[PDB]
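In structure tokens, one chain follows: the form deposited in one PDB entry.
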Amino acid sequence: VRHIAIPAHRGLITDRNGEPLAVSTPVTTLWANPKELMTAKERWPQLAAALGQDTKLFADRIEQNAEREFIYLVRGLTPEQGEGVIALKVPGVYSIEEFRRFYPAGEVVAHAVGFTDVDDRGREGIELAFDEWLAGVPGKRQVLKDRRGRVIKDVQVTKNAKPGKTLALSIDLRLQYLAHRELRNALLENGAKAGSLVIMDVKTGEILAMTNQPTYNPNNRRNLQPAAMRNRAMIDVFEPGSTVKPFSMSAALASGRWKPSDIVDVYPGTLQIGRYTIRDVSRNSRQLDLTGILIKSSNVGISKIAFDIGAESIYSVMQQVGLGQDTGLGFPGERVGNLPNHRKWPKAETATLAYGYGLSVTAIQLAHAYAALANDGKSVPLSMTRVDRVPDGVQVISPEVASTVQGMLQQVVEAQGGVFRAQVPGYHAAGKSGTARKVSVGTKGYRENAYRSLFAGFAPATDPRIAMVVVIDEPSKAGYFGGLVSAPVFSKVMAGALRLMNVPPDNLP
């Protein structure tokens, strides 16, 4: 006598509130004993029709396997259409109860959640990451044959399978939906080719939403683009441009060489460093103060400061806030990125670092860096499961240096000539826009037709609760600046995010 393994019930995956994101539904599998089927050949065409198979090819198969002990007829029928075949009473055919995954939210959380293969085994996303947790231990039942090789059902020897454990994600489904809508809208409005949006609780390190475009339906995956399956927020890296200037500025303030009211001469909006040149886009002034360097996004201005304080001070801050650093999440295919070191930093590499080039980070890392800045310089570890206690973070930027930079970032949103489209009705919002040329397809240089539109920020400025990053690849029909393309998305999603968490408005009306 032999065994057939009976599969375990895979553990439920939910959002932070209990909304189901991946549930295992019962499905029927039918197998047969050819030694018995060959005695009821008259019933084969009826059976084959009930299985939706060709009557001849079905017969061909049962014939070739006549001497065999055990064969599958079909895997993964519904419980209704499955027991339809059982009701035909055909001798030699039996049922097994199996499980198949279903994803209620579909493409909205597909990238995060991932999916299981045909055998209900985790293969992408959280399904793969927490596969041990979610799987459980399968059982088994013994099949009992008699004197003539017929199997009997009246008696059953069974070891019950142990069901998998429930997993509550950090993601808020209500907030994911909102984030997914707006990123899709922005991507279609601007004719963009890809995008990512990350929402994080700055206090708990929880990822409240993480969505990407293009996406896919994990319930129907026939013919699928590899590009559509990428969780770009964790799997793809980019040079973050001027969105890392507040960290350069943090290093400046902490060095004791600079104060907010210092002025810097940025004339004529260019700075030649040997065989290469630094350029300011808005060459509208000769002199800017520190806040003005962020507002007008002066690459020349921040470069001069970097020469004064040195790259070592800048590199440390960026490293402490998590840029180019392991997140500790353990997501499948997740990228650490690259924050380089040189022993002795030349001026060119010192400058480009100061305004966010030469380093590569993920959206989740950028959002994590802004969360520390938002949480009074107190970096807290990332989590994609529901957090039951506010964890021990690390004070990476000084509480005072943080408040200053918080104030400065609030100005780039609210001050004149600032990123006014990032403003949130009823809330004081802080953040920084960015526009960056994409790196050349396998060459030293950069593209000049392809841009990445960035906006990173947090709100409310009076007591930051959540931080957000928006990234849009290759906008192509309605401008391309970050404060034009990414900022409106930030504004839209942040507005909804805050009210959904019942955050009190601090900027009336």
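Positions refer to the first chain, counted from 1. Take the two forms, superpose them, and find the largest set of C-alpha atoms that agree within 1.5 Å; that set is the rigid core. Compared with the form deposited in another entry:
For the residue set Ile263, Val394, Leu188, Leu88, core-aligned C-alpha shifts between the two forms reach 2 angstroms or more at a single site, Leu88. Positional change of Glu474 between the two forms stays under 2 Å at the C-alpha, relative to the superposed core. Comparing the forms between the two forms on their rigid core, the Cα displacement of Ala251 stays under 2 Å. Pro79: CA moves 2 Å or more between the two forms after rigid-core fitting.
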The other form holds:
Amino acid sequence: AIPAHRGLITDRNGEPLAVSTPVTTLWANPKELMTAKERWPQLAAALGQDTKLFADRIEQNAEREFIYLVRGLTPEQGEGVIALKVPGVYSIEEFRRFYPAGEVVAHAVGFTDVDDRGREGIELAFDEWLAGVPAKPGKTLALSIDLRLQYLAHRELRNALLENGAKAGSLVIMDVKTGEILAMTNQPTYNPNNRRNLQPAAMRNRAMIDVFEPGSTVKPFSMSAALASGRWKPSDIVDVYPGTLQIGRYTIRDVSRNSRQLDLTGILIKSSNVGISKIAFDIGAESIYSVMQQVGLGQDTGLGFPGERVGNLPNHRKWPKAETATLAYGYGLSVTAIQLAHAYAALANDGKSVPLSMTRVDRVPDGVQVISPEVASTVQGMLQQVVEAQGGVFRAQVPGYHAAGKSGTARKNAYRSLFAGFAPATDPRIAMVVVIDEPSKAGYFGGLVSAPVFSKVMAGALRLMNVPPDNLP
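Switch from the form deposited in one PDB entry to the form deposited in another entry and print that structure.
Here you get just the chain by itself.
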């Protein structure tokens, strides 16, 4: 069988991400090798193998009319072995993958196994498109990924992990208009060109497989349900005093407890679990579940990355009050960073969900209106206030632009620090999620740990895409 040329993977602008490299596999007709034993030591040397074990191997398989000697030698090493002119030694031309961006886009692109077959990421997901048929060559695949945004994201997430002594992290950037993933980076990462002795830990595409309680980052969807109910406007007040609320044996507790009356923007700025719980009791869990289901939290992303986790959105016929509250302030559900980014992309795109893509989108599919454009517009303004208002997430602010977003912190006393947002706030182009796992320095809150990463990556990302500054006189 004639091994086919595996199709080129590029970024959205044709930068090479995975290239088929010529290599040499050497096989032997032992029957013919057994006629030239005096050549074996020179041949053993040229293969790196020991003289004795090489000789043991060939003697044992002297019946077989075929065995492999070595796979995936460089052509140069291959020519050296052919230059020995040993009877019973023949060469096949094979293809191994090289990844020029290396660790920068490891998780997204993935890699091939020993047989030039997709084992991780896009290599696995689009294996049939890229492989061709062993012989017709495989087809070029242009990713949605912008290598320029990917490098910035990679660099800033790495610097955030080190500055906070964190064990892991994820950053996803999405085009809100096209459903395209512009960047997807995880720490820790690995060099896919050197897979000799490296942990399955480093190879985990956390953005797509790590499921977590999103906490306060889904309070905006609870608020979308509130504004869509006809019962709530942004200027309405909730009494959250004294920052706790008993629901049978369950006690809802706010992290900050020096508030009485908050307006709905204030509930988001303070991330008040009591405030959102009381709104949830009024509107019913069904309306909150429905919005979260529709923006894709705990739902199949359709990206068909094998080992992709879907997480869980809990459902009930009759919602108990405790489950109603915990859903509303973002516990009792499990999501991935890609789902959260996708949910924020729909909010940012005036309530319209466009299907997620890891490949360059030339013809944008029709979106689903999952939140009414007026509710989406209102929730955008409130999330702009969360970043810009007194006591807000000022570290999320993006010089030259109106940014909008929401911090989160969950307990796993280890913590998960989250920031999800989009910019520019008036004409959203980009949604971003930053997840940092177990920050080990003093500040562990989303607004302290993850928000500065959002600021710098978003600042860079908007400039690389030549988005015009929207904070003018």
